[PDB]
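Novice: These are the residues of each chain, in order.
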Amino acid sequence: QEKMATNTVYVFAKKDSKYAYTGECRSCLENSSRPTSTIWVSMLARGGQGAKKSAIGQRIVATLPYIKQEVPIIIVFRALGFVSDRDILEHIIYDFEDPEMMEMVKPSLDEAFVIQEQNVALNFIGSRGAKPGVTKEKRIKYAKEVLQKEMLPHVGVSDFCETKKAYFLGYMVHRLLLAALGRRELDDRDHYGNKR
Amino acid sequence: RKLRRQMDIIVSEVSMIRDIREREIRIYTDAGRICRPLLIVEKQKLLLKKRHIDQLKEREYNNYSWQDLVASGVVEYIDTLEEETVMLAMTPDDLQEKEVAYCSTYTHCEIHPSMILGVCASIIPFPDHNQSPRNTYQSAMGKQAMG
Amino acid sequence: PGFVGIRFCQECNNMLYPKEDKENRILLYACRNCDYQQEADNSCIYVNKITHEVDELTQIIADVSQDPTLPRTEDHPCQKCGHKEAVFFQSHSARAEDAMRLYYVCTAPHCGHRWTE
Amino acid sequence: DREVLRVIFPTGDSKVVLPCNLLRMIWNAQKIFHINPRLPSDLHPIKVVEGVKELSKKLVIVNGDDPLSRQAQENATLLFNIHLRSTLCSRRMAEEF
Amino acid sequence: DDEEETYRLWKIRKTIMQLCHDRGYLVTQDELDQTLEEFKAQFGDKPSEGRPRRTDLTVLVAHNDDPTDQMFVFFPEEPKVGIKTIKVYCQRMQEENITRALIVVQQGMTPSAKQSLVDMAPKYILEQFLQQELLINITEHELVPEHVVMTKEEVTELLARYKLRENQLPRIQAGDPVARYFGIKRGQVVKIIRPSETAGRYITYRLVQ
Amino acid sequence: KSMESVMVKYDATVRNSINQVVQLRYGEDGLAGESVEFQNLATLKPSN
Amino acid sequence: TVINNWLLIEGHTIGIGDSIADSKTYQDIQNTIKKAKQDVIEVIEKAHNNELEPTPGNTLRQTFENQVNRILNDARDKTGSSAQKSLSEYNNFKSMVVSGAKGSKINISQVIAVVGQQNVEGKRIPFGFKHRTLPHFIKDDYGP
Amino acid sequence: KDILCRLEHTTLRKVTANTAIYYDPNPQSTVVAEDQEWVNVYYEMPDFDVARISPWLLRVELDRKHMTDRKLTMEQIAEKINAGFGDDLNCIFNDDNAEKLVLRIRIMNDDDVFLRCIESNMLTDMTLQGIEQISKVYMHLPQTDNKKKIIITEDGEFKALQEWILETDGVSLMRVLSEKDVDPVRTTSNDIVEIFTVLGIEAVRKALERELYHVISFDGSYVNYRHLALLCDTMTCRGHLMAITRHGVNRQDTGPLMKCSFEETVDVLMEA
Ligand SMILES: [Zn+2]
Ligand SMILES: [Zn+2]
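Residue numbers (UniProt numbering), protein chains in the order written: chain A, 274 to 469; chain B, 665 to 811; chain C, 9 to 125; chain D, 962 to 1058; chain E, 2 to 210; chain F, 866 to 913; chain G, 674 to 817; chain H, 1155 to 1263, 1280 to 1442.
Mixed in with the good hints there might be a few duds.
[Unchecked claim] Here are the simulated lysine to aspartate or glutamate pairs, EDC-like style, with alpha carbons at most 20 Å apart: (1) G/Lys-778 with G/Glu-794; (2) G/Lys-803 with A/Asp-432; (3) G/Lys-803 with B/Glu-761; (4) H/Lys-1350 with E/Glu-134.
[As the list claims (entries may be wrong)] For the chain H half of the interface with chain D, some residues (derived, Cβ under 10 Å), not all of them: (5) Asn-1316; (6) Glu-1324; (7) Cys-1402.
It is worth saying that the hints were derived from the structure and are not from the lab. All C-beta atoms, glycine included, are put in the ideal place defined by N, C-alpha and C.
Go ahead and model the full structure; you've got the sequences and the hints to work with.
Specialist: This is the structure:
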């Protein structure tokens, strides 16, 4: 039986949906009883305005497993213990001498400047989950559980795997930015290097 | 690659892909990838020398198998990812002699083009002289002939 | 003109945002987490190249000369090192590939020069 | 009829579907009756005109006598009667048929 | 623009004249097709707050026979027409003794006024047309065949000859742009003459529903 | 299934199942499609 | 009945002798293929040096694609015509095509002269690999 | 070409080369190296204070190629922007002195990103030329006589005049038909619902007949006119377009057994 290759980042174009370019990674750790859990890193298209008098740029948003709402990328990066915008931009864009990519990621960075703490970021992660939280308590733990054992199991499931997961998520966002720029071509669903 | 042409540490099935345009190098060890053996072209010379054929004709005597040729660093398995970053020679009698040069930078050589076909498309005499729908229909009928 | 980069704070290392000075009529970069100010360098705070006239040679890297699947030529020597052999390839990018422009990369080691024909 | 046709067919083509293949029927009549068209004919052109008019009366799609049915009959066999006049006219029956 | 406005007003005037003539009214021959320069000379060549403004060219036409009924056409000043604007036209009509009238709206009518138009149908009939509807006489289009309104006597003759009822005729919408062009009400058979490539001419009938 | 009841009645008209006239005569001329041929109108395409 | 029973006396066949043209026709076919191939190559070298000018209405890549498809279609038609002038009136492919019973001129051209351009979704073979159709070709190879 | 430009939907994005926003509090000492500011220097248009007091501006540079192809001028674009934005915006253009076509836009008197928001709202839907709901339009000379203008000469002989015809990619009648130098008689369409909104039902019957004959006889096949006429008459014997689905067949009074014989079976019987 054919299947899409697991643990590999792909950039596709849902030309009919509200997303310009959508990234995905059907992450599945080898020798793990749990099945694969696909995480999507999408960019809201709305090429012009975001149907507002203030929403100028496109905002990158992530579809995490067991979470029903479109979580922003910066929220997840803050929830991983990276509070500074400079550090997140280091993990996303590896060169600070190409202002065009930084300008493209600027609207997504400026969506979530309200949330600055890891506690608030994790609380927003726990909001609108497949299993909704009770209060501030038992919802911080559920969000921590989701970020620990649901998204990206192939980069590791452990307490010290926060930075490795942050690096791989930054790679997913960076590849999405490259696809949005065209510096790397889009990925084919029928290329047999993308199948198992 | 030097370790894969010797089977020191890395298994022959494992594949390395160096993305050169974008600075990446990915090594795949998954279970499910689909590969096929290809000759290795060092210089515009094949590594399949005459001595390999001499030791390969006398099987059941020298115990020189296909796995020994894989261990000799002559053939290796190339999967679909690695085919995007390989210069594949079709046949050696045409694509290693000097001419008005096409690329002169071959890395692998196809063993024989007839091995691109399946089991039922291999029983067709002169399948390239036919039309492709006819080959497909014969492939359907070949699994139905009495015998 | 030119592109505009993201300014960064010095204390909390967040993004600085443009704002006006009601007194001196100058632009100041101000943080939103803390209260830190910087004098602006240019009036251009936002830019948008829509015709997309990009310098493709910047996106070209020298290591692509090691690709065996790229075609080589001994017809065009390198301008810097004078090496007669160089690889040539297309743009390999979107917002492009409407014109078939060749980009040459010299394959000589430790030079890595690229240019456009 | 020429003006009516040019109103009906703005595009300059006349390949139209009609029931009776009149040219073939004229040819069949020639072959059956052994015309030998070198000799002068012996049919009165007024017989041709009256026969065509009587035939157009005999070809009925719509029955009745009230003018609404008369207009329906005229419109039903307008194109065919135009073709019938064109093919079975006096000049062609006297010269080329 | 000002020349564009006078061209648009002249085209609307020409389409209204052709509509009245095809409806069966008294349309003067030179008024039926006048030059744009003639319109500019007669009205002023400046619709932008000038001589050829609206309400100056309200065309009053009578019927070819029974010259009593008239539908003196209306041209509102405002783009979006309302009830308090059409009540002035209702006052002008009740000042007269005629029940039909046409208004040429610039933008869309407010739906409350759309209901108000129906709210006086038995008393006096009001039709409305947008600017884009009257910038082209659709009856001149090659896709539109010859629509002719039939009298009641002809409808009775048709139904008696074909021995069928009004329920059995192929029908046509009351909101049909051609039906609106002729302003036919419900239950009014329209004969349609169109050329056919298999019979020459074909006359169909469309009862209004 | 849209037109499985549209037939020619005995007054040579075309009516559906509910006696609604689709065409007053079949094919706008009342002629069946088997006994017709392509013919040339000689009156059309001459010079005056 | 009667035509079949005359066909018994006459007999009708088809074979490998009906699919082979004389060496002069083969030389004409190969010369046409070589000329068209060189024409495509020189069009390619014009496109690389930005000496190709875009047709009004589309991009430069499509002016190139239109030129290449036009040249290859002209080669296919010319080779087909030059192939179907050498049947010698006894070729059974011509016997079936002229009668219209089975086949057409395109089948004769493809059997004898040249198969022609292969298409996927109305255009040429796409770059399934990274900027090449098959791993045997160099990258960015827009040749025939 | 003029009609082609007057029909195609031309936004500001398709014409602009690049754009940027600046902060130039003193227009006299403009930071963007332009002396054309002589206008503002001697302009009696409200100087600043409650006017050009807005120091931030929108500097957008057009290309000469698309301004030449669309047959546009700087004044026309400025007038369209002023009409679409009222007196809240100020636009200063550039004369034909250099290839650099400059439009400088200021706010006349949320804070600073509102100019960027209206920049997006100006690149999107300014509608400089043509109508909406239409993409690039292609024009050509016909070859088949169906589109060639067939005229009748004074000696009665037909003649095929090969005149330019347009062919759009969107659809909007009763608005293209309103344009000048456009034949309002022979201008047909490809969509049927749009004709039904414009030209009625019988014209839709003719249009459906022509389109059906086109899609049938494109590959050289022939289908008699009786069948085409019957299908186009059954779909238009109700006044409106009777789509051949459940949504159009099962909305006419034919019979519960007839309507349940189609795809929806139980629901029709339950409603009956
Ligand atoms: Zn700060
Ligand atoms: Zn060099």
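Novice: Hints first: check each against the structure and report whether it holds.
Specialist: Comparing the hints with the structure gives:
1. Straight-line distance between C-alpha atoms of G/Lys-778 and G/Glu-794 comes to about 24 Å, which puts the hinted pair past the 20 Å bound.
2. A hinted pair counts as satisfied when its Cα atoms are at most 20 Å apart, and G/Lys-803 with A/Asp-432 does not qualify at roughly 39 Å.
3. For the hint linking G/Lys-803 to B/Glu-761, the alpha-carbon distance of about 26 Å lies beyond 20 Å, and the restraint is violated.
4. Between H/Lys-1350 and E/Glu-134, the direct Cα distance comes to roughly 15 Å. Compliance with the 20 Å bound is thereby established for this hinted pair.
5. Interface hint status for H/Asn-1316: upheld, as the beta-carbon distance to the closest one in chain D is roughly 7 Å, under 10 Å.
6. A hinted interface residue such as H/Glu-1324 counts as satisfied when its beta carbon comes closer than 10 Å to some beta carbon of chain D; here the least separation is about 13 Å, so the hint is violated.
7. Restraint check, H/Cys-1402 versus chain D: the minimum CB separation of about 17 Å is more than 10 Å; hint violated.
When the structure is compared with the earlier hints, violations turn up for hints 1, 2, 3, 6 and 7 and for no others.
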